[PDB]
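Student: What follows is the residue order along each chain.
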Amino acid sequence: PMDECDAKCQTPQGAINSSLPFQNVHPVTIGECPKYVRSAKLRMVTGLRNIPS
Amino acid sequence: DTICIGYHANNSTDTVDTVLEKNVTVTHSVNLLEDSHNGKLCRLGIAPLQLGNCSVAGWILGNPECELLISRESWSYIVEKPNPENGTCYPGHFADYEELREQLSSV
Amino acid sequence: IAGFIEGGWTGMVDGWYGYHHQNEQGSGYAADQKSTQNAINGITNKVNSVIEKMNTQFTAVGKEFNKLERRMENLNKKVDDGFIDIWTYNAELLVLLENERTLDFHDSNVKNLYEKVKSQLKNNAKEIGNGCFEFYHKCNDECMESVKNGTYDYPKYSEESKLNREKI
Amino acid sequence: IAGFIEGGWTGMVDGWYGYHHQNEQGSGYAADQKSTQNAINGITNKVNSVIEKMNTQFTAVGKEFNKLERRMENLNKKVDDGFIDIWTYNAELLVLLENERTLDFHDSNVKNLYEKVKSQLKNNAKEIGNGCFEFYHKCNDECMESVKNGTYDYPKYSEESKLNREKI
Amino acid sequence: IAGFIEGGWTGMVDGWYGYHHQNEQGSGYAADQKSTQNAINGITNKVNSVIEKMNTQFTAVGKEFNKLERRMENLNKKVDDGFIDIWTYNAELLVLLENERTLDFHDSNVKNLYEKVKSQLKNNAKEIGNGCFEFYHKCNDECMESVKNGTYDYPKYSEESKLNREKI
Amino acid sequence: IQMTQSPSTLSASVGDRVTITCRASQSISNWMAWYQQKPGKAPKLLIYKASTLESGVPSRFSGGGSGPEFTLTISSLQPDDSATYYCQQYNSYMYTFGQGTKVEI
Amino acid sequence: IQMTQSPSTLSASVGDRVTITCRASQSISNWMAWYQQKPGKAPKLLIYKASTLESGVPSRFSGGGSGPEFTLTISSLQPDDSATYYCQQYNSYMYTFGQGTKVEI
Amino acid sequence: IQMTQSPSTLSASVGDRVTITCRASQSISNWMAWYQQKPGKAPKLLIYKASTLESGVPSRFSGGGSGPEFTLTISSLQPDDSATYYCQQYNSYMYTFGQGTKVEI
Amino acid sequence: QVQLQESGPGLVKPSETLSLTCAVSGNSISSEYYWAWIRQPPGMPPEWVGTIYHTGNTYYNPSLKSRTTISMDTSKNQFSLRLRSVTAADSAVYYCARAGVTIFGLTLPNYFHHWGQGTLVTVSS
Amino acid sequence: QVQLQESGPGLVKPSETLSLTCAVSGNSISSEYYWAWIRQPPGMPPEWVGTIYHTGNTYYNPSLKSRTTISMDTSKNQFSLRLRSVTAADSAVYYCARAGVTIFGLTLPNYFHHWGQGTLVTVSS
Ligand SMILES: *[C@@H]1O[C@H](CO)[C@@H](O)[C@H](O)[C@H]1NC(C)=O
Ligand SMILES: *[C@@H]1O[C@H](CO)[C@@H](O)[C@H](O)[C@H]1NC(C)=O
Ligand SMILES: *[C@@H]1O[C@H](CO)[C@@H](O)[C@H](O)[C@H]1NC(C)=O
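Protein chains in written order, with the authors' numbering: chain C, 273 to 325; chain G, 11 to 83, 83A, 84 to 95, 95A, 96 to 115; chain A, 6 to 173; chain P, 6 to 173; chain H, 6 to 173; chain W, 2 to 106; chain E, 2 to 106; chain B, 2 to 106; chain U, 1 to 35, 35A, 36 to 82, 82A to 82C, 83 to 100, 100A to 100H, 101 to 113; chain X, 1 to 35, 35A, 36 to 82, 82A to 82C, 83 to 100, 100A to 100H, 101 to 113.
The hints are simulated quantities; they were obtained by calculation from the structure and are not laboratory data.
For each residue, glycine too, the CB sits at the ideal point set by N, CA and C.
Please note that the accuracy of each hint is not assured.
What the hints assert, rightly or not - Cut-off 20 Å, straight-line C-alpha distance, at most; resulting in silico cross-link-like pairs (DMTMM-like, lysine to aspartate or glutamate): (1) H:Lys116 / P:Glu97; (2) A:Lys127 / H:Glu139; (3) H:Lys51 / P:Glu120; (4) A:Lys127 / P:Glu150; (5) P:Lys116 / P:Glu29.
As the list claims (entries may be wrong) - Derived coverage of chain G by chain C (criterion: at least 3 residues anywhere in the stretch with Cβ under 8 Å from a Cβ of chain C; other residues may be distant): (6) 11 to 24; (7) 42 to 48; (8) 64 to 72.
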C-alpha cells in the first residue's frame, strides 16, 4: 500500500533506511540506495574480544 | 599491593569473522548490511504514480475503466500491478512500449 | 589481547581498558579514561569513514527489453552481475581485513598501556606474568592514583622498594 | 624476521618456528608446535577467504554486433575494459598488501615466541643478541622440555642461577 | 611516534630517524643512515606500486544517443556512475588505510631503532623516559660513533659502568 | 582541575550569532558538555562529547573545539534562550562545572 | 596425556547416523586423527587435522570439534563399517592413541 | 671503507656495450654514484642512488646492482665518451671515491 | 522514559544528618546506569556530590567524601543520600540525575543526561 | 605409490634382542618423509614405538626409549628396529609406517598416512 512516508531509496517490497553502505533486500531498487551484495551478514567489530572468566 | 592491567568483557555472544579466524566472540559489533524494509511505498521526494488495476498502456491511452486516476500531476516513479488486468482493452501491439515506459517513469 | 593477559574483566564497566588495584584500603576496578576515549574516537572515525564514503546518485537499476533485444538484456545483466560481484567481494574482504585491524588495534592499546605502566615502575615493582605488578613498597590510594594518572614519582619510593627487593 | 634473529634454520624440518638447545646431553632442532599450527590455521583461513569469497554466476562475456551498431560495441568494450582494469588493480594491490601482512604476521609470531620464552627466564638466563639465551644453571632435557612446553619453574633454579649471576 | 618520544626534531635535517649525543666534546644531531634509506626505499616502492599498477587502454567514455534511445542512455549512465562510485570509494578507502599503514611503518622504524640501541647498552646506560639513555661511563666521540654504527663493545665499558651503577 | 568560561555576562539581540568559550586546566579529554539552566529549573544537557547533540535539542546549538579550548555557538538566537550556560567535564572520577554565562536579549 | 573415547562398544542398523566422541587431556592442538582398523589388517587413516578427509576415503565419514572434544560422524552406515575406530593425537614428540570403538550392524 | 673499480683501462669501438663494476667494502647502502670526468674539467654526476639518472644525462648510461656490487652500463657508445668514470659512495659522514676507468675508442 | 523524583525534609537543623531519597520509574537502578546527586547553592554553579553504579560502586566528591554516603535499595528503585554535619553552607537545591551514555556497547559515566526536579534544603532554626 | 614391507623373526626367545626391518619402494627414506614403528598387542590399542627422520633424527616412545633403537640404511631403502630385553608382553603385531604430511611446503609428523602389513612377533619357547 502507498503511504505518505518519506524515504531515499525504494525496493519493490518496501523502502530502505539508506544509512548503511550495503543491502541485500533486493537487486532492483530505485533512488539513491545502498549497494546490493550477495552476503548474509557483514558485521564489523567495534568492541574487543569477549573472553569472560 | 598489586595493580593489574586488563580489558573489558561483558555477557554478549556476538560473533564476527576476521581473516585469520572465524566465529570470534566480540564485545560489540555493527551491522553494515541492511536486510529489512518497512513494507510500504514511501515518497521519493514526491509521491509515486499509483495506477492500481491499470498499466501504463491503459493509463496513457485513457482506459474507460481507469478514469479515476487521471488527475495526478508530476510524480517520482510509477507503481504498477504485477499483472495489470486492465491494459489495452482493444487488442493490439504498442510500438516502442518499453521505451515509453522509460520516458514516463518520472516527469 | 589473549597472550600474557589471558582473561577479560566483567566487573569493569567504565571503559575498555583499565586497572585493578589490591591495597590495604580496598580493591577496585578503575578505568584508564584517556586510552578508552582515544580508542572510541578511533573506532568512531573508522566506522564513519567506512559508512559515509559511499556517496550514491539517483539511479534505477531496472530496465525492460522486448524479445528482439536480448543482446541488450544480456549486456545489462552482465553489467549488474559484475557490479554485484565486485561489491560483494570488496565488502567481504574489507570487513575481514578491518576486523583483523580493529582487533590488532585493541591489542596494541592494551600492550601500550602495559608498557606505559611498566616504564614508571622501573624496579619498584616486579612483573608477575598474568599482566600484573607487585610493588616492593606500600602503594596507598594516592600512590595508585598517581600510577594510573601518569605522574608516579620513582625517587620517592626508590629506596623503600630497593631495600625490599634486596631483602628477597 | 630479519632483525635481531638474522638467520633462518635449514635443519629444523618440523615446523615454521621452534627452538635449538645446546646441552651436555646433546643438541637438537625442536619445534614449537602450538605456534606453527596456529600459523598454519591462520594462513589456511587467509587463503581460503581470498579464494572462496569469489562467487560467480554463469555468464558469457562475448557479444557480436553488426556494422551499424558500433556505439553498442564500444559500450560493451568499455564495460569489459573497465571490469578488467578494476579487477587487475584490485588483485595486484591486494596481493601486495596481503604479502606484507603475512610477512608481518610471521615476524610477530617469531617475536611473540621470543618474548614468551624471555618472560619465563626472568634472570636465570642472559640474552646473547642473536636470539639466544645462556642459562646460569644446568638445564637438562627435563628443564629444556619444560621451557619449550611453557611450565618452566623459576623458583626451582632461582638461587642456583643467582649465585652464577653474581659470580661474574 | 607520539608515545614515549613525544617530540620531533627540527635541527636534524639529514634523515628521518637519527640520534642526538651530549658529550664533553660537543652536541650534535646525527642521523641513522641505514634506517632512513630503508624507509625511503620502502616509501618509494609503495608510491610506485600505487601509481604504476594502473594500466589503462585507449578509451572514449562519451557516447551520444538520440531521443528514442533513452534505455541505452540510462544504461551507459549507470555504467559510468557505477565505475565512478567504485573508483571513488576504493581510492578514498585505500588512501586512508595506506596513510595509517605508513604512519605505523614510521612508528615501527623509530621503535626498532630504539630497541636496537637499547640492546647494545644492556646495563651500561639507564633509560630516562623521553627516549634517551644516560651512560654510566664516559662515551667519547669514538664510543658514540660505535653506538650509532652498531659495533658497541659492552665488555670494554662493562666494569667502568658497573661501578658507577652500583655507586648510586 | 580549573575550568574558566567566558564571557561571564552577555547581552545580544535576536538573530545574533553568539559564542561562549570554555577552557580546561588539563587536556586529558577532548570532550566537554554544555548545560542550559533556566531560572527555577534543573539544567538540561545540550552538547556532550564536545560535539554531539542531545536528543530533543534545537539544531542551532553547536559545539566545537578540542584539547584545552571548546566553544558553544548559537546561530539564530531566540527569545527563550535567556538562561545560564554551563560547561562541564568529567576527567578521572570528578565532574567539574564551569561558571555560567548569562544570556539576555 | 590421557585420551578417552566413547562409547566403547556400539551396535547400529544400516542407515543410522553414528557419532563417536574423543576427549584429550591437554588442548594444545586443535587437531585429531581417526583410524579404521578391520580385524587382521593395519589401520587406515580417515580424518586428519580434526577435519581433513584422507584421499580415497568415502565422503560419509566426517570429523569435527576442537579444543578438548572432537567427534567422528558417519551419516549413511554400510555393512562394511564393522571395524574398530581409533582417535589419535600427536602433541609434542609423542603419539597417543585412544581406545577403540567397535561398531556392529 | 675500500672501493674497488674494475677494469682500470678500457678500449672499445663505437657501438660497443661496455660495463664497469664497482665493489664496496661495507654494504650499509644500496646506493652508489657515477661521475664522468673529461680531461681538464670537473666531474659530472650521471647516476645516483645506484639507479637514478641525473637530469640532462643521455639515456644510454644506466646503473644497476645493490649490496656489495654495482654496475654502470653504456649501450650505444659515442666518440665523446672518452673520459674517466668514478664510482662514489657516502656511508656515514664520509664520501669515498673509487679509482677511475679510462674509456677509449 | 526515565522519571526521577526526590523527597526529603526541606528544613534541617545544623550539625545533624541530612537524608534525601530519589525514586526512579521507567528504569532499573541495580541493572544498567549510574545515579548521582548534584547540588547547587543559590547563585552558584552546580556541584557534583556523588554517584552510585548499578554494581553498587560509590564515588564521592573529594571535598564532601567524608560526610557523604550514597545507598541503594535493591528491592524498589530508590537511592538515598546521607550528608552529615550540615552547616548553613549546605542550604542549596539538590538534584538526582542519571549518568551514563552507551556507545559501542560501553556505558560511560561522563555526563548527566536526565535530571530530577530539585528539592531546596534550607539549614535554619 | 609408496609400498612398505616388514621382515623379521616371528618367534623370539625371552631376554634376547629383537630385530625387524622395513623396506620401502616408491620413495626415498633418506630424502623426504619420516618413518615409524607402531606395535599393537592382541586386543589393545596401537602404540607408537619410534620414528626416524629423513635427516637421521630418531625419537622414541618414552616407555620404550631405553631398549629401542631405530636405524637407517642410506644405501637401499631400509629402516630397522632393534628392541632389546624382550618379555612375553612384547608379543604383538608390528607395523612400519610413513609419517608426514606436506602443507604450505612444510612437512608435519602428526599422523601415519601409509602403513605396512604387520608381522606378528610371538615371545615363547
Ligand atoms: C594528574 O595528571 C594531570 C594531567 O597532567 C596533572 O596535571 C596532575 O598534576 C596530576 N594529578 C594527580 C593528583 O596525580
Ligand atoms: C606440559 O604442558 C602441558 C599443557 O598445559 C601441561 O599439562 C603439562 O603438565 C606439561 N608437562 C610437562 C612434562 O612439561
Ligand atoms: C662500522 O660498521 C661497519 C659496518 O659493519 C664495520 O665494518 C666497521 O668496522 C665499523 N667501524 C667503526 C669505526 O665503528
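Student: Examine the region 64 to 72 of chain G for residues whose CB is less than 8 Å from any CB of chain C, and state whether their number is three or more.
Tutor: violated (count 0)
Student: Take the C-alpha atoms of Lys127 of chain A and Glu150 of chain P, compute the straight-line distance between them, and say whether it is at most 20 Å.
Tutor: Violated: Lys127 of chain A and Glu150 of chain P sit about 32 Å apart, past 20 Å.
Student: Decide if the proposed pair is consistent with the structure: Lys116 of chain H and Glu97 of chain P, CA atoms, cutoff 20 Å inclusive.
Tutor: Given pair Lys116 of chain H, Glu97 of chain P is violated - Cα atoms ~30 Å apart, limit 20 Å.
Student: Could you grab the alpha-carbon distance between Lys51 of chain H and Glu120 of chain P and see if it respects the 20 Å cut-off?
Tutor: Violated, because 31 Å separates the two Cα atoms, which is more than 20 Å.
Student: Mind taking a look at whether chain C covers the region 42 to 48 of chain G? Criterion is 3 or more residues with CB to CB distance under 8 Å.
Tutor: Coverage by chain C holds for the region 42 to 48 of chain G (7 residues, Cβ < 8 Å).
Student: Can you confirm whether the C-alpha distance between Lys127 of chain A and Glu139 of chain H stays at or below 20 Å?
Tutor: Between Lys127 of chain A and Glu139 of chain H the Cα gap is close to 15 Å, so the pair holds against 20 Å.
Student: Do at least three Cβ atoms from the region 11 to 24 of chain G come closer than 8 Å to Cβ atoms of chain C?
Tutor: As far as the region 11 to 24 of chain G goes, the hint holds, because 8 residues have Cβ atoms under 8 Å from chain C.
Student: Taken at face value, is the distance from the CA of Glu29 of chain P to the CA of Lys116 of chain P at most 20 Å?
Tutor: 28 Å, violated
In terms of the numbered hints stated before, the structure departs from hints 1, 3, 4, 5, 8, listed from lowest to highest.
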